[PDB]
Amino acid sequence: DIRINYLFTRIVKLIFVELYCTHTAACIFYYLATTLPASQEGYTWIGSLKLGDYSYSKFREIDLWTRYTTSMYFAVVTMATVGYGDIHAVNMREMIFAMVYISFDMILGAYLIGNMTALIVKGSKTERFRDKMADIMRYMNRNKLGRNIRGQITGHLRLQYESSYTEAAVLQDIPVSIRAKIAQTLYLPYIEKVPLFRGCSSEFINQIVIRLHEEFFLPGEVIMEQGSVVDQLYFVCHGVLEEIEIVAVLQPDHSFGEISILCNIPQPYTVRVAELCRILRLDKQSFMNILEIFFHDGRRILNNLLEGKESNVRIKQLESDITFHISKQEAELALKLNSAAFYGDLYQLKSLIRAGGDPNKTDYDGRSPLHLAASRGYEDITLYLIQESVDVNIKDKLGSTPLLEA
Amino acid sequence: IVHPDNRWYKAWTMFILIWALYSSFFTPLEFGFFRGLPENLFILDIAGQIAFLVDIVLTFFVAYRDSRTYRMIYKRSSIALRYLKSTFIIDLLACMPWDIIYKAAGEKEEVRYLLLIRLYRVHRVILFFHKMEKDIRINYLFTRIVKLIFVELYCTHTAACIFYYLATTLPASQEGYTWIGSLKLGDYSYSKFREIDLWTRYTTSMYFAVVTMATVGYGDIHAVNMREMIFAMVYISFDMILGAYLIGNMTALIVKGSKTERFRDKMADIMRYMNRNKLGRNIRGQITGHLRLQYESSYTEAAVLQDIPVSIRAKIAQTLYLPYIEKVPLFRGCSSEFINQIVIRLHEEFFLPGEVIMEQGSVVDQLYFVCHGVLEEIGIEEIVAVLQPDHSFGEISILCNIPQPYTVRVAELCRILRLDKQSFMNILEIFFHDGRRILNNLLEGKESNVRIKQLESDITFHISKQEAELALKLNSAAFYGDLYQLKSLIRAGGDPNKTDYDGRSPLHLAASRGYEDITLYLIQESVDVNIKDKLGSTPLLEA
Amino acid sequence: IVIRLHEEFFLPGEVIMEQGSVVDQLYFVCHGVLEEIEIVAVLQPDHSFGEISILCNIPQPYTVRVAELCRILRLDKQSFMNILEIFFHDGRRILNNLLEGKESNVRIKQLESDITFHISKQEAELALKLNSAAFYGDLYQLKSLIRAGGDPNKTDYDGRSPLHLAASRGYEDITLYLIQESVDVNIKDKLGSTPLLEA
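Chains as they are written, first to last, in the deposited numbering: chain A, 208 to 451, 460 to 621; chain D, 74 to 453, 459 to 621; chain C, 415 to 451, 460 to 621.
In case anyone wonders, no lab produced these hints; they're calculated from the structure. In this text, a Cβ means the ideal position worked out from N, Cα and C, and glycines have one as well. One or more of the hints may lead you astray.
[What the hints assert, rightly or not] Only pairs whose alpha carbons sit at most 30 Å apart, straight line, appear in this in silico DSBU-like list of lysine-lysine:
hint: 1; chain 1: A; residue 1: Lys332; chain 2: D; residue 2: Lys329
hint: 2; chain 1: D; residue 1: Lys207; chain 2: A; residue 2: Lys610
hint: 3; chain 1: A; residue 1: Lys329; chain 2: D; residue 2: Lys220
hint: 4; chain 1: A; residue 1: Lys543; chain 2: D; residue 2: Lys400
hint: 5; chain 1: A; residue 1: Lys576; chain 2: D; residue 2: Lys612
hint: 6; chain 1: D; residue 1: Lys204; chain 2: A; residue 2: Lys339
hint: 7; chain 1: A; residue 1: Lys339; chain 2: D; residue 2: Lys543
hint: 8; chain 1: A; residue 1: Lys339; chain 2: D; residue 2: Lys207
hint: 9; chain 1: A; residue 1: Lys499; chain 2: D; residue 2: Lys499
hint: 10; chain 1: A; residue 1: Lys543; chain 2: D; residue 2: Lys565
hint: 11; chain 1: A; residue 1: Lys524; chain 2: D; residue 2: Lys565
hint: 12; chain 1: D; residue 1: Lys551; chain 2: A; residue 2: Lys339
hint: 13; chain 1: D; residue 1: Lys543; chain 2: A; residue 2: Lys543
hint: 14; chain 1: D; residue 1: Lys332; chain 2: A; residue 2: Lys339
hint: 15; chain 1: D; residue 1: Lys400; chain 2: A; residue 2: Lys351
hint: 16; chain 1: D; residue 1: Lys551; chain 2: A; residue 2: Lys531
[Claimed, not checked] Below, a sample of chain D positions facing chain C; criterion: calculated Cβ distance under 10 Å:
hint: 17; residue: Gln433
hint: 18; residue: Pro481
hint: 19; residue: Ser526
hint: 20; residue: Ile530
[To be verified] To give an idea of the interface, some chain C residues facing chain D are shown, with a C-beta separation under 8 Å as derived from the structure:
hint: 21; residue: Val429
hint: 22; residue: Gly559
hint: 23; residue: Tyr562
hint: 24; residue: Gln563
hint: 25; residue: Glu594
hint: 26; residue: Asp595
hint: 27; residue: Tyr599
So here's chain A without its partners, still in its complex pose:
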């Protein structure tokens, strides 16, 4: 069973076995005393016993208990290698059982130590915590870091130990790339609840979840400074973050840093943690790529920002930049489609066809994807457009035809 510990369930077994052996030895040891006739009971280990004023003269018909507790007390003393000397073997037969029991218990006694030190050799939670600070401390003071950053690191590391959990450090790293399935199990509910992703396609969300990360922040820390560009995207999952006198408070199921990740304007506000927060992060470079491929989905995302801008922070300069992209969004669908066929892309081309507009529509000058596909003779891609029943007599604004350049 995994609920109980591994070595602990083994330590108790050794203790019970060791305890049972003494009980059996004590019962047998009294039997060796009564194997002799009562006339010569004085040669036994109990027949000649005298502790205080009790004589043990008869050694029989005394009682069950005081006859037993005196035999077990002798056995338990021998087992623990104490050897008071109150009771000792007197007979030849009791001597032979004496070394047999003593020699065997020496192996068992040394076996209990070996099992239980292995329970300690496994790193304790505080044992690894001390060693981890020792490694970073020698690196951290070697470079002579400032005192302000000293509080941030040590306090953050203590959070991992104090709150435990954290799934160790590498988490195992043995799990296969099926971690995407686990990522969609926990991070999905917090993602769909954000206001910015309202109305976005589910598949687009299903792709952005697998690249998230889990981070914590202690109260009083500063994540983004004043007038500094940002390279990440943060979604608040738990806790309260405060933006800066104060301006606003960010309740959970909110995201910040989007004004500076789209319009390239440096972030004009400083955010500060007010309560312990579980915060999800994203990389700017990876997030920007998924918007380029999802041209139709990305355009609708800016609509929420424009609506959100009107409600709070109008941002006329940002609105003007956002308006230009949405206004010409319908044209760029076929504009990069021509470039897609020029380089013969296959896997991501279908995304702009299955989840895109008409490939028949040309660009500004007039250039069907069939024109560029046959320009370099990419026969591995030309066969697909006939499945879409694209016309062959595409008259561009040059007097040419898709067959002429082939």
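Following the hints, position chains D and C against chain A.
Here is chains D and C on its own, set in the frame of chain A:
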């Protein structure tokens, strides 16, 4: 007024720790060796409770850190409500005086049994070891030994006081059955068993408990009664489990060792092999010195600095490496955020003087930045190139996919900042606007570079396809005649002197719709007025 | 060649190379006795075996058996067939020892004929691959065929100086070195052309 962790409060906590130490060791003495309390010790009993009584009222005015939000609650009703449900039920009971009550309520042994409740307040001492255990400045082997010794020496002291109590339950008529009433060590009769002394009575009882705690068992003092055997088996059986725990706990810490002990073993093994063949006289010192530097500089690769969040990790990167990168000649003119990205992946490396970084003809798969010392390049052995600090090397080899043709060796203690080659194009590819600048810097720097480069590389091919893709939007923007986005597009590195796949240019499309408003901007942008497409169509003809 | 060696042991009674099997390694005996196979010969230390088959590509015609405990040095065919390919002058003299050794033991007329062809035309191939090196603009290993090679002025079979190919692709980073050797520029092939005309 509420003081969460005031300096004055910490002094008070240590003061009450002394009282907790005193009252935890004195309670067994009063319970076992005494029947009541003599008038000589009345003042001590009263003073002991008053010291703890103040802690009961003073603990309602102390803030605590919330276990869920770490907010330092400070709420008046929250501090009180927390304490009444945690400890106040049992702590108040201990502070009650029981010597007076037992005397007042006639003389009954039943009430005096509950006096053992005061043994709980030894938990303050255990908590003190727990706090001191977490401190880095205190040796871990030392604190674990002290805590284990104290937790075992206290049990022995408690067992000694209980043992003498078991000998007092028997009436004085049959005192010869007890383990001590029949004692005779030398010529001391030990007959009376009472009104002998407090110290001679205690030191013989504790001498018995210590002897049996270490599994010695002299046998002069031993259990004789029936109620003393039962307690002897319990204490002995429980001791051997705790006794083996001290051995097991110290064994693990010795087995673990330290970094230096493991490092010593590694040098011991190699020295035996190196001395086995009796090879080298100066080589022996050279390899030994290199290994010493390896352990001394074994701190840049900090595995601890991996769970730290990237936002904190980024800040510590720019405070060390950034002042040494922004002034590199190769990285002149690049945008600020591009340098901020390459500074994250930089790695530290130390090199002992006299050794070689890379050899002639070996394909370069890592980019190196010079940060300290001096570097000497040797080729033939003649030295013609010297690498001064703040100068990069090996960049040309990676870009031109040519093996290094002129090896370099170090002459003085040099710190080299290493950048992985595999992690260099990927950042370069996503940043193509400034990627042209570093290529132009390379060409303008050297007199001829390497045949003015040769392209035919994934890095060089992709940057061309990305920049051409950018100009496609610029070409489309000029078609619609939206001058508002033209200035912004060219502001962020947009080059009007760019050609799309089909030979077209923004100047060509400017005359397509007769947009004279944007035509003069292109002239001010210094565009080729007679640029020809693949079909040889000049912009004038198109107009 | 030393820096690429490896040390391996072999207990007696083992077989290193079977009968009629191609060989991928070169073995030098350091200590011990090797038996070649009824028996044919015994290999005392300071000898090398597996050398006839590595060059002439003929499968190894003998079985090598470890008579007594031996520690031998090994090499790799891929990492050895190139070090003598770039050492054109040194590699040719190595075959001379084999030819002298072949006459003393194992004449190998078929192997001798193949070896004789390479040595006979070894002087011409010095400049033949020299032009190819200048064609691709090699720098580090090119000097080996100059510092430890023949005259770059000598042309190939058709007649083409390295200066001709140096200016063919405009490798200005390599053309400046030729003047240091005082190579002529009026070098004419059997076409009436000059290196300047090609540039």
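Status of each hint after checking the structure:
1. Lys332(A) x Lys329(D): holds (15 Å)
2. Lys207(D) x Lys610(A): Distance of about 80 Å is beyond 30 Å: violated.
3. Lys329(A) x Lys220(D): holds (20 Å)
4. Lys543(A) x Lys400(D): violated (41 Å)
5. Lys576(A) x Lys612(D): OK: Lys576(A) and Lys612(D) at ~24 Å, within 30 Å.
6. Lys204(D) x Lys339(A): holds (17 Å)
7. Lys339(A) x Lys543(D): violated (47 Å)
8. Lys339(A) x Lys207(D): holds (12 Å)
9. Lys499(A) x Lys499(D): The hint holds at about 22 Å.
10. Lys543(A) x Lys565(D): holds (17 Å)
11. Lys524(A) x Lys565(D): At roughly 24 Å apart (the allowed maximum being 30 Å), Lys565(D) and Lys524(A) satisfy the hint.
12. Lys551(D) x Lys339(A): violated (52 Å)
13. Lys543(D) x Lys543(A): holds (22 Å)
14. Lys332(D) x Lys339(A): holds (13 Å)
15. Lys400(D) x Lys351(A): holds (22 Å)
16. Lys551(D) x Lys531(A): holds (23 Å)
17. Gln433: holds (5 Å)
18. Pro481: holds (7 Å)
19. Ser526: holds (6 Å)
20. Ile530: holds (8 Å)
21. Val429: Nearest chain D Cβ about 30 Å off; hint violated.
22. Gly559: Where the cut-off is 8 Å and the nearest Cβ of chain D is about 7 Å from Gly559(C), the hint holds.
23. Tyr562: holds (4 Å)
24. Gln563: holds (7 Å)
25. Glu594: This hint holds: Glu594(C) lies near chain D, its Cβ roughly 6 Å from the closest one there, short of 8 Å.
26. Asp595: holds (5 Å)
27. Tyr599: violated (13 Å)
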